[PDB]
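Just one chain is shown here, as structure tokens, and it is the form deposited in one PDB entry.
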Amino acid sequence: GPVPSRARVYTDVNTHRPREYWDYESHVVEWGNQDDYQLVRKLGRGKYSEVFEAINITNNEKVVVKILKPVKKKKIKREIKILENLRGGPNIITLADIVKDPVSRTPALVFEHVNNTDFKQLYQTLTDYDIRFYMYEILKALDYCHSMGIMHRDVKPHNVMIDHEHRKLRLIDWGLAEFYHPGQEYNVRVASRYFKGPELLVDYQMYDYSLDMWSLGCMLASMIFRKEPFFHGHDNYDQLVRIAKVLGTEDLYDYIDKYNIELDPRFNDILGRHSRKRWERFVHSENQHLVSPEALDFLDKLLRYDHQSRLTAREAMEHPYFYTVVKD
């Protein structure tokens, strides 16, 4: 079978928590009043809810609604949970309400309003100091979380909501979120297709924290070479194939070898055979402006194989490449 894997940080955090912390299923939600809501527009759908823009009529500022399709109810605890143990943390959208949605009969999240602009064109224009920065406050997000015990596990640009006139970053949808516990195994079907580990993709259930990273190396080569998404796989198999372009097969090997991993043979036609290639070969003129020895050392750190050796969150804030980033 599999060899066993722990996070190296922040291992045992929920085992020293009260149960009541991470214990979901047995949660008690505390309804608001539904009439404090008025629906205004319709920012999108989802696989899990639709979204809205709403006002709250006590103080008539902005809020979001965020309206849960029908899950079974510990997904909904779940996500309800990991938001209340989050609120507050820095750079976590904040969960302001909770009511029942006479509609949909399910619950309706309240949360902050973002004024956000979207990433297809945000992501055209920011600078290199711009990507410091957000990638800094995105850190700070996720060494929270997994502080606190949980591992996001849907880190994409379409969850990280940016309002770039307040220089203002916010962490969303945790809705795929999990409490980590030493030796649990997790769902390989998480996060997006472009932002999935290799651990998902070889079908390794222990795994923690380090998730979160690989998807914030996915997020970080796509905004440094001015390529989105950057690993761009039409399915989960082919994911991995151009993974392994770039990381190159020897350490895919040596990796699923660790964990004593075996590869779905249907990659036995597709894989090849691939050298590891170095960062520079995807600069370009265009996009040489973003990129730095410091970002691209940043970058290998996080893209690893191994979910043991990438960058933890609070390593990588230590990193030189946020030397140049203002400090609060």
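Rigid core here is just the name for the largest C-alpha set that superposes within 1.5 Å across the two forms. Positions refer to the first chain, counted from 1. Compared with the form deposited in another entry:
- When the two forms are overlaid on the rigid core, CA displacement between these two forms of 2 Å or more is confined, within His234, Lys120, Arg167, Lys72, to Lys72.
- Relative to the superposed core, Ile57 undergoes a Cα shift smaller than 2 Å between these two forms.
- Once the rigid core is overlaid between these two forms, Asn268 counts among the residues whose Cα shifts by 2 Å or more.
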The other form holds:
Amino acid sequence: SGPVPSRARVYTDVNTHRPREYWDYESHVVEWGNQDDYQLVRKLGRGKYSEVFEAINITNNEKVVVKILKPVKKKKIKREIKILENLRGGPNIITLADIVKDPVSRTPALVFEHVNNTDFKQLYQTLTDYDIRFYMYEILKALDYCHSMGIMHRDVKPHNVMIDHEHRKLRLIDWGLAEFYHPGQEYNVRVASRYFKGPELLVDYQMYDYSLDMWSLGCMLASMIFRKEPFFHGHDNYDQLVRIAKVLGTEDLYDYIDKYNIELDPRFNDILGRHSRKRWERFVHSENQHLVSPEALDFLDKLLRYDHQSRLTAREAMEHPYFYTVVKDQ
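Coords for the form deposited in another entry, given the form deposited in one PDB entry:
Next comes a single chain, given without company.
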């Protein structure tokens, strides 16, 4: 026997109902724009497999951002392009304005809308309770939208949320790890950064779905309301699950593993041992108490569940009382 199958609880068949050109990114033909329209102004970042510049569109003198794509797996170029084009115009999704060939190496470069960003290591220190709720709701809007469009982001983390706090404007960026959800498909578990990897990634359960993004979101929320960054501070991939188990407890972990017939490494199983669940109240202290409320902890608790089928969907999350007043704000 093998692992038990799983299906997305919501939006399960969205891609099946669309024409195949929507999700068959390998068959996408790229419409290339005019590289001469853009001139690089300065370097903004040099992440993995990509370089990011501030640039100028000289046909309208619009400040834009150019990301030069250099993945090892070339199939991710069309993938990112197709996903950006399918989600274009959606709430809080970064806008792909153009695609051009870098005149140096003929490598693809994406042109994006420019956002007036403020770094999170400078921002999450000054956020009020209300601000945390408001921006979580904006992220949820983006996630419900991309999930409803058949797409899982798979790399939700602070650096991939651009915030113009002066205008209370938020954009979800870097769709280079995003994939289309197809029921029954097995996905790669190497996605996401360690601190934000869901337990399904950490136990090598490959038939995961949109709910992966809901675990990541939970990890961000916990780090903001408790002012512990990252909240689960694993030092390698096994330690990440150990740190999770020390908070959520091993009883629900072992029930999760049994439910889906997941094959755990025996020495790892021995290492996890037995840990009781810690009540969320243990993480409150005088320095973070102004960010904690009963509805915050209930919401957090309903995002950070081992069983991916048990986590709140983005829409259920948007209906949680934690956002009640925020919902009346717009």
